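First, one chain by itself in structure tokens, the form solved without its partner chain.
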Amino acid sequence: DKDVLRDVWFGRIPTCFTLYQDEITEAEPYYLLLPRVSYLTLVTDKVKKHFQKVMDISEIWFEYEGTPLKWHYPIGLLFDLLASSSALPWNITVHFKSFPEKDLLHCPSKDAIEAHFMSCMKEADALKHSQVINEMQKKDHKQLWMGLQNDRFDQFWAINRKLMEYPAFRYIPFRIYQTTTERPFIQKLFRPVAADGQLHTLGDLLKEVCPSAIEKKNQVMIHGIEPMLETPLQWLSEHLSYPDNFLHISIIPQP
């Protein structure tokens, strides 16, 4: 189903970067389409280029509705978990001072993201794979990053298909994020096939892991859609997984 892979990779989020009232300076908002699959770090440079004309120091951090955004979460998940309900565009407020100690350190360094991004893959592979990432050379690793950094679907997915094929997955890499839960997210072990070999379902995953989804009717959103629970769990892990081989699933309220 190469059709789904392309639709997910080329998904964008309209975002309006506004500068906070306290920031020193006439600054006009910056409009930018964010790749749902990428991270705020990669898009941060263009925000620095625009607002740098008006400025102080460039230790930037973004907030949405007053809660800073996490550099480690994909842009897609963050919008899904926090902003999906409100109208477009994604209204982000840019800050250059008052840096918070609760948020992650200053915007991570290009490799620090590549490192974090590959850690999510090696971990992911460990849940689904023996091992494959250990087989392929360190030459291919730069292809997976370059493909994501430069948004080259072909360059990225040529290598990533090996990570999605299983001999005739042991576990499904997933992280369930809840807006109002003490923990950051819920990650556990789950198999794509039951004791009788039947394909597992999205509803089965939640039933075993996050049963609290089913007064205060929740919304299971992935990549900005509500996929009906009948969906086989494997096909999601093969197609609707983020570039880091992980299924980030959001539990959201309803209007």
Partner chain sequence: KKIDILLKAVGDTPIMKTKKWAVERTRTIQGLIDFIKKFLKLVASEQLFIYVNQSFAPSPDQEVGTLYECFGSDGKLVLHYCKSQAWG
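Shifts are known only where both forms have a C-alpha. Numbering follows the first chain given and starts at 1. Rigid core (definition): largest C-alpha set, two forms, superposition within 1.5 Å. Compared with the form solved in complex with its partner chain:
Following superposition on the rigid core between the two forms, the residue from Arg161, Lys122, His106, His116 with a C-alpha displacement of 2 angstroms or more is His106, and no other. Regions that shift between the two forms, defined as runs of three or more consecutive residues whose CA atoms all move by 2 angstroms or more after core superposition, reduce to a single one, 103 to 108.
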Contents of the next structure:
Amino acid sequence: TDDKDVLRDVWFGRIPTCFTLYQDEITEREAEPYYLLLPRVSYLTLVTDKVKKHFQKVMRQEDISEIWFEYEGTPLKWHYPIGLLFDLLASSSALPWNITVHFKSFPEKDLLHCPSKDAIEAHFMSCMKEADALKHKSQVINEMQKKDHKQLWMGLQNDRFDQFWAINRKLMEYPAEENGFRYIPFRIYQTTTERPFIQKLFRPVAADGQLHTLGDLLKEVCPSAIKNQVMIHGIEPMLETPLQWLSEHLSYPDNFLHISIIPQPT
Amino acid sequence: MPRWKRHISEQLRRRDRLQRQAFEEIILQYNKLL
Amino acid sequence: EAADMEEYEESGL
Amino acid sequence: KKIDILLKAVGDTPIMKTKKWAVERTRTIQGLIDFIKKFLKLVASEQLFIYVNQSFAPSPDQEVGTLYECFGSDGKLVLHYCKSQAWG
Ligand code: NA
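Could you output the structure for the form solved in complex with its partner chain, given that the previous block was the form solved without its partner chain?
What follows is the whole complex; the chain from before opens it.
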């Protein structure tokens, strides 16, 4: 379907990235840059194993520590999806995305550690559980067997679209009596604000059954966006786009609509 | 097909053309020789 | 009736 | 301006003598966690988990105010704490 094509286009979204080793990192020799197509829907610490291996090779063994990344001085939070970080921070700059690789001086004030793959899974499932609490009072996610939870995770970590959506489609359903989710899982990000993001309760269907739009959402929770562009998965949807449809088709695998508000470029 | 949906599909394809398609071969070729 | 956390932290653990 | 939070122990985790607290909306889950640990005279090496809706564990950088506005009810946010995982 046209809808299914959108799901695949979202899922397989890629950002061309140039990983360069921090110029002041202490090394035995100079490291070449490493180029990679990064998946928008995933997390840095899940897909940069080859980057890590590449740059560890020039480090003294004792100087190897937890790897971290920054964009022009801004540490990159691994628990934020890759596409969101790029949209928010670098989408106005020329490609490829220039990420600087670090080992020394992990900035604990700006970043959460990622001590294991399990921490990534725990984070991912926690996001999905939060999303379903909003959408179904957790009824769908809790009715699932643990093997289904695993399948969702494996589909993300191994880039298996059909494997993931065989389960995720259930999380995109809603009661027959209804015409949408209870509340839409969304977060609105804006660099100029102090708060990390805006997240509020917003119902996707009006009392008369009509579908609320992206424009309606913004008027309610972020009037200061209507000079600024609204970016989701690197594109700018029309404000008349129904929110329920967006939630179903343009959410990340964590079932959240991550929305960036960014200055209009020139 | 509603205009808002057409718009989204078109913009995703353009995004993919400019961001992925334009870089995939040179990035692969770079890694090949790296 | 809720205890003020900011009060306790600044009072003495 | 501050929000009311109620803390409930899961399983054999120690019980806080004082459970109802008023906290700044900008306080994070980690800030909340650090307070409980030294309130229960626990230690850093000991990990402590926090749960919303008896369902999910929010990221430790999440702010309580947002959680309250989304998952609060009857004027307060209920959070469960546990020395071990409870809900995955
Ligand atoms: Na660049």
